[PDB]
Amino acid sequence: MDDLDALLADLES
Amino acid sequence: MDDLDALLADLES
Amino acid sequence: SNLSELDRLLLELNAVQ
Amino acid sequence: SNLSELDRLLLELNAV
Amino acid sequence: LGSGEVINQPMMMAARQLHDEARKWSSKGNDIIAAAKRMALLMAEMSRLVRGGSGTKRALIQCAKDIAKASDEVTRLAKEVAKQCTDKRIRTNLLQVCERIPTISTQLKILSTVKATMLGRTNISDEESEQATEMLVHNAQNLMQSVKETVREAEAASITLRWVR
Amino acid sequence: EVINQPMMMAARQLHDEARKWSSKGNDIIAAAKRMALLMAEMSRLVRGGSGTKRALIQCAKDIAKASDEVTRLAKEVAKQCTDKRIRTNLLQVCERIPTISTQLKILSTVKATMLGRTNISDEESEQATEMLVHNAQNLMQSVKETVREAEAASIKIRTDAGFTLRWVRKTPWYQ
Amino acid sequence: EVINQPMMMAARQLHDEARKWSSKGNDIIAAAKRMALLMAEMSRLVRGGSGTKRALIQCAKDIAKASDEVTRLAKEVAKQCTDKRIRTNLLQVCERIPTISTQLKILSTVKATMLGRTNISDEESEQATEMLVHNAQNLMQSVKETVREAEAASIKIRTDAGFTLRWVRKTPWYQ
Amino acid sequence: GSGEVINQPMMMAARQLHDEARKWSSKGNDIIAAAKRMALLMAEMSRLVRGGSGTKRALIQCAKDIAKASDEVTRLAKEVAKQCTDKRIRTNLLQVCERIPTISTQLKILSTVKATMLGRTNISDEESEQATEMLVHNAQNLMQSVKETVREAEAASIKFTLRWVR
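Protein chains in written order, with the authors' numbering: chain G, 1 to 13; chain H, 1 to 13; chain E, 140 to 156; chain F, 140 to 155; chain B, 888 to 1046, 1055 to 1060; chain A, 892 to 1066; chain C, 892 to 1066; chain D, 889 to 1047, 1054 to 1060.
Chain G extracted, bound-state conformation:
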């Protein structure tokens, strides 16, 4: 749960 995690979750949902 960092900025990178957040952006990947956005791109996968």
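Heads up, a few of these hints could be off.
As the list claims (entries may be wrong) - Looking from chain H toward chain D, a few residues come up when the C-beta cut is under 10 Å (computed):
no., residue
1, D5
2, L8
3, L11
4, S13
To be verified - Distance condition first, Cα-Cα at most 25 Å in a straight line; then the derived PhoX-like pairs of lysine-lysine:
no., chain 1, residue 1, chain 2, residue 2
5, A, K1061, C, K1061
6, D, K924, C, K1047
7, C, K1047, D, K952
8, B, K911, A, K952
9, C, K911, A, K924
10, B, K915, D, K911
11, A, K952, D, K924
12, C, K924, A, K924
What the hints assert, rightly or not - Derived DEER-like restraints, expressed as beta-carbon distance ranges:
no., chain 1, residue 1, chain 2, residue 2, range
13, C, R1057, H, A6, 20 to 30 Å
14, A, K1061, D, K966, 36 to 46 Å
15, C, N1010, B, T1000, 57 to 67 Å
16, B, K970, C, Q896, 27 to 37 Å
17, D, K956, C, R963, 31 to 41 Å
18, B, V1001, G, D10, 40 to 50 Å
19, C, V1001, B, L888, 22 to 32 Å
20, C, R1057, A, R910, 24 to 34 Å
21, E, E144, F, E144, 26 to 36 Å
22, C, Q1018, E, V155, 46 to 56 Å
23, A, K952, B, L1006, 24 to 34 Å
24, E, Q156, C, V1001, 42 to 52 Å
25, D, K966, E, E144, 25 to 35 Å
26, E, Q156, D, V1001, 32 to 42 Å
I should point out that these hints are in silico values taken from the structure, not numbers from a laboratory. The beta-carbon is built from N, C-alpha and C at its ideal position, and this holds for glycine as well.
Here the structure of chain G is known, so what remains is to put chains H, E, F, B, A, C and D in place on it, guided by the hints.
Below, chains H, E, F, B, A, C and D without anything else, positioned relative to chain G:
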């Protein structure tokens, strides 16, 4: 094995 | 968390260069 | 047989 | 004993084929090479994306669009090279290869959409799925070959661009 | 051989966060990998040995060089990042790194001088080692998070970009 | 994902022999790595699938271009060797390679055309695979020993060396 | 765990020299060539001083090689000093490179020592450690003396000439 082993054995004995 | 292959691909793809 | 770290170093040292 | 990746191999091979050709040359003053490299990578991604996963549907669309933009660039540049060339054969052969790219690129996109639509979808037959991949791979391969040979034809016309190792 | 485990584990963790990326067009990733290698070395130097005093100090200086590099490169990418949150969280984490590496150098010069002497107690020897590990774990954790935030900041770069890193995966042998 | 195990296994054995050496100033190793990759690719292509026919033909071609590379280079190192036994054995192994890769292309075009088709029976299809794997194994194995012999050859060079390869281990990430 | 059974300080010294010489192209620069061979030789030393089958004799060889390469660096650095017309730079160069023959000669002598007492029971830990200590110290001084010769060579190569393209 072949020639490469024979040269390594030579250098270690 | 740690990145998968599919993760790293979407990063690569989206990454502006 | 398969080479070890030492086996490779000697090769490396001996190869001109 | 493990496959290693979950990819369509033919599409990856096509990517690498073009990468091998583009790699040779510098990009410092050669946008066709730069564009080729981009497309090579873009294609390498497609080979993974067409196998599916969370975020693939959309990324397969976006990947396709990028490929088509770079297709434009290659084509536009290749044409400018053809203009300066003063050889009947090389100039003609160049235009025959590079003019095919816009078409192949558009068809790619179309089929890229079709596949992206039917990823993670139960109401799609094996037949229809197989053929959709098949059509997609056939244009993917064609594109990589077209671009590859467009790169080669450019340097044969090169008397401007930079063709240094 | 008996190395310092926590520092090897840190070295190893940072290496995992950088190893799958290419160093071509990405001096942040190159700096990361260099720092990971250097912490691996430090992990072996700390237990003492022939030539360790000098090596340990030089090692610390090297990590401090690569640190200042990751810092400054992180401040550039942050300059081009349009998302303020990511630009804030990267600036926070990266601007921490110079202070830690400086303390690392200090503590490394400390441990280096203790190696060999008998006039040092076991309490003071162990504690000096603990301090060194503490700063090591933090540095490696900071850089690790500085890397990720750069990967996040790379997505949100302004189209009129001054500075941009390359983010391309490494091709495996079986591709 | 299902792949042909023997071909991948053979691909891995060639790679293991080459992977620890640097490709810089050594085109035999560079090509030995390319051929391992190509074999790994071929292990996937033999399973049928979309775009297989063309890729499997173009693959065998790329394995033939790499074969010739290895062979030519191994003759030049052999030319410079002062040991006759090593010189003979190297030539014996490497001079068989061209033939083998030529057969590999022939059988690849065979298997390529067999894919998709119904009229082709099981035995005919299975036998076409077993012929392809047999030769593939022999190619990888021949190339594998050719590297070993070329390493040996590179020790017993004449001091007036015309041609020479660079034999240097790749540095580990933790060195 | 560890990764390699080596003497880490000597690997560092090797890598320090390799980082210096790697910047420049060898093509028209024998100093760089020699330097790159010295770093690799000194890297191999950092494994041989641990021991194992074949090491005693390789450590003797490796040391002789380092000595050969060292002399080349010295001879070349002298020629560079002859051309240079700047007092400080030509002096500071000569104050570094002229140490290398000595440091080398000591490295051979100590290498022979440590090679002799590898795989040998009649040798105390104190004697064994002190042999390794003098070896590493000379090995570190060598790499440093070479590294600074390379730097002083280019600073003097304002213009026998050399090539300093990255």
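Okay, the hints, checked on the actual structure:
About 13 Å separates the beta-carbon of H:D5 from the nearest beta-carbon of chain D, more than 10 Å, and the hint is not met. Evaluation of the H:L8 hint against chain D yields a held restraint, the C-beta minimum of about 8 Å falling below 10 Å. Proximity of H:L11 to chain D holds as hinted, the smallest CB-CB distance being about 5 Å (cut-off 10 Å). The beta carbon of H:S13 is positioned within 10 Å of a beta carbon in chain D (closest approach about 7 Å), and the interface hint is therefore held.
For the suggested pair A:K1061 and C:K1061, the alpha carbons sit about 16 Å apart, so the restraint of at most 25 Å is met. Restraint check for D:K924 and C:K1047: satisfied, since their Cα atoms lie roughly 23 Å apart, inside the 25 Å limit. Note on C:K1047 and D:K952: the hinted pairing holds, with a Cα-Cα distance of about 19 Å set against a maximum of 25 Å. Distance restraint check for B:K911 and A:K952: the Cα-Cα separation of roughly 39 Å exceeds the 25 Å cut-off, and the hinted pair is therefore not satisfied.
Simply put, C:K911 and A:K924 have alpha-carbon atoms about 19 Å apart, close enough for the 25 Å limit, and the pair holds. Restraint check for B:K915 and D:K911: the C-alpha separation of about 21 Å stays at or below 25 Å, so the hint holds. Between A:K952 and D:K924 the alpha-carbon distance is near 23 Å, which keeps this suggested pair within the 25 Å criterion. Using a Cα cut-off of 25 Å, the hinted pair C:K924 and A:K924 holds, with the two alpha carbons roughly 24 Å apart.
The supplied range of 20 to 30 Å is met by C:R1057 and H:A6, whose beta-carbon atoms lie about 23 Å from each other. For A:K1061 paired with D:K966, a C-beta distance near 44 Å keeps the hint of 36 to 46 Å intact. A hinted range of 57 to 67 Å for the beta carbons of C:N1010 and B:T1000 is inconsistent with their spacing of about 35 Å. Checked against the given bound of 27 to 37 Å, the beta carbons of B:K970 and C:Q896, roughly 54 Å apart, lie outside it.
Separated by about 33 Å at the C-beta atoms, D:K956 and C:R963 satisfy the suggested range of 31 to 41 Å. Evaluation of the 40 to 50 Å hint for B:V1001 and G:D10 yields a failure: the beta carbon distance comes to about 25 Å. For the pair C:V1001 and B:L888, the beta carbons lie near 26 Å from each other, so the given range of 22 to 32 Å is met. Restraint check, C:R1057 to A:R910: a C-beta distance of roughly 25 Å satisfies the suggested window 24 to 34 Å.
A hinted range of 26 to 36 Å for the beta carbons of E:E144 and F:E144 is consistent with their spacing of about 30 Å. At roughly 52 Å, the beta carbons of C:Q1018 and E:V155 sit within the given window of 46 to 56 Å. Checked against the hint of 24 to 34 Å, the C-beta distance between A:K952 and B:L1006 comes to roughly 52 Å, which is inconsistent with it. Roughly 43 Å separates the CB atoms of E:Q156 and C:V1001, a value that falls within the hinted 42 to 52 Å.
A hinted range of 25 to 35 Å for the beta carbons of D:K966 and E:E144 is inconsistent with their spacing of about 56 Å. Our hint of 32 to 42 Å for E:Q156 and D:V1001 is violated, since their Cβ atoms are close to 56 Å apart.
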